[PDB]
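Just one chain is shown here, as structure tokens, and it is the form deposited in one PDB entry.
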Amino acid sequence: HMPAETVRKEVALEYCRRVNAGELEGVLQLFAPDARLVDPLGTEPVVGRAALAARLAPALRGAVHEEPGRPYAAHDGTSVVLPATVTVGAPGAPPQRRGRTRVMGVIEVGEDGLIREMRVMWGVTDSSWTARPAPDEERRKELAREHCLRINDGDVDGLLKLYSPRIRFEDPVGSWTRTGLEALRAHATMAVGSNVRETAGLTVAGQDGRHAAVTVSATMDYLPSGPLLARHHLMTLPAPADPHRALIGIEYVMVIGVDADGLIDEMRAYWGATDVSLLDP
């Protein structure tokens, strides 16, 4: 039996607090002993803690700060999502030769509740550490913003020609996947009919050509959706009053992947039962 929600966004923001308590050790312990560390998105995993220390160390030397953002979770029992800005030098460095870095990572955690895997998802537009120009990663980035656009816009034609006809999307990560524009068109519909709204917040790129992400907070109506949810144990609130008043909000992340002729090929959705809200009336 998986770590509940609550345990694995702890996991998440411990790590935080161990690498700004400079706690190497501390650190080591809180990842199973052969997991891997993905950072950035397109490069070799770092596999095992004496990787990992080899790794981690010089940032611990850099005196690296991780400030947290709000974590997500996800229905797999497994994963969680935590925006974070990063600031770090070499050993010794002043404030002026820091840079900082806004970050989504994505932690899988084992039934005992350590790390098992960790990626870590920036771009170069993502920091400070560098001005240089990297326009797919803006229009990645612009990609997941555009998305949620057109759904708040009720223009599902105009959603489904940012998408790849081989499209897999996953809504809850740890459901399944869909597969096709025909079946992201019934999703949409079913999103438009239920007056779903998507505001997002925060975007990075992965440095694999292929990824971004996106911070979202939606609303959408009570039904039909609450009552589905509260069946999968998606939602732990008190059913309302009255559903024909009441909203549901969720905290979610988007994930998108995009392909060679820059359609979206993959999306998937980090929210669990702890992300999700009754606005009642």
Contents of the next structure:
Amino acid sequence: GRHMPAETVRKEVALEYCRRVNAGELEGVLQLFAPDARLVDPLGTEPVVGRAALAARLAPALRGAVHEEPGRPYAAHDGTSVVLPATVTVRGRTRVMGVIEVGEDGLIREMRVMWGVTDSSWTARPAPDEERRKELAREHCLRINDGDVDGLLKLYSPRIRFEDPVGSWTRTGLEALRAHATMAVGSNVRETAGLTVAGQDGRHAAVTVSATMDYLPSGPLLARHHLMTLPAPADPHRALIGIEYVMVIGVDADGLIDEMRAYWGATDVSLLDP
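Right, the form deposited in one PDB entry is done, so what does the form deposited in another entry look like?
A single chain, with no partners or molecules, comes next.
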């Protein structure tokens, strides 16, 4: 039997990575990675590949007493992804989001740590492109909230490929995105942006989102796709569904969003009644 690990298991592996970094025992940390795992930290630099090279990269950070304060982990429906915001202290405070893939043995196959110069207290180098990308991520949410579909599309390239949730079909083109946002507005979606980070690759950013929407039609639709399981609401005409997710965007050379992924799994959904 080979099987991909469940949402709950991936969430726990990401938290356990932080507990072991904090406990300071390098061998404990390394045993959480696959033998040929890849680490990219920060996003934009060369991958560190395999446990030997990971030992070389992490050894100094553990000697300097790095500390990772985990936030809330987010899953997906691809059997592998988990996203964990954290605050990393060492002088310095950095806000990061680790995008992690857990493999079939329960071990981290891959870890991509998104954080920019502008998410970090230990460097004051300016990165106006970072701030522009984070502001585009936030902007997506404001334009959904305001019911401004035409405006939302203005942020996106005609080449846009998006996946929501991670683990479903990749959708392409402004027409598919238009249809999503038009439905969100019809279900009174409200997206409240929390933490933002940027990559240092001239391209990525990410935002935690807390979203509410009308129970009808999304709840029964999504339950029937086996994407969530909620209790039955006392009043389905008034109830709301909450989804906590992280949206990752990729921005092209022209400043337009050409890639977008929303990370949430069944364990990131809830019924708000009322």
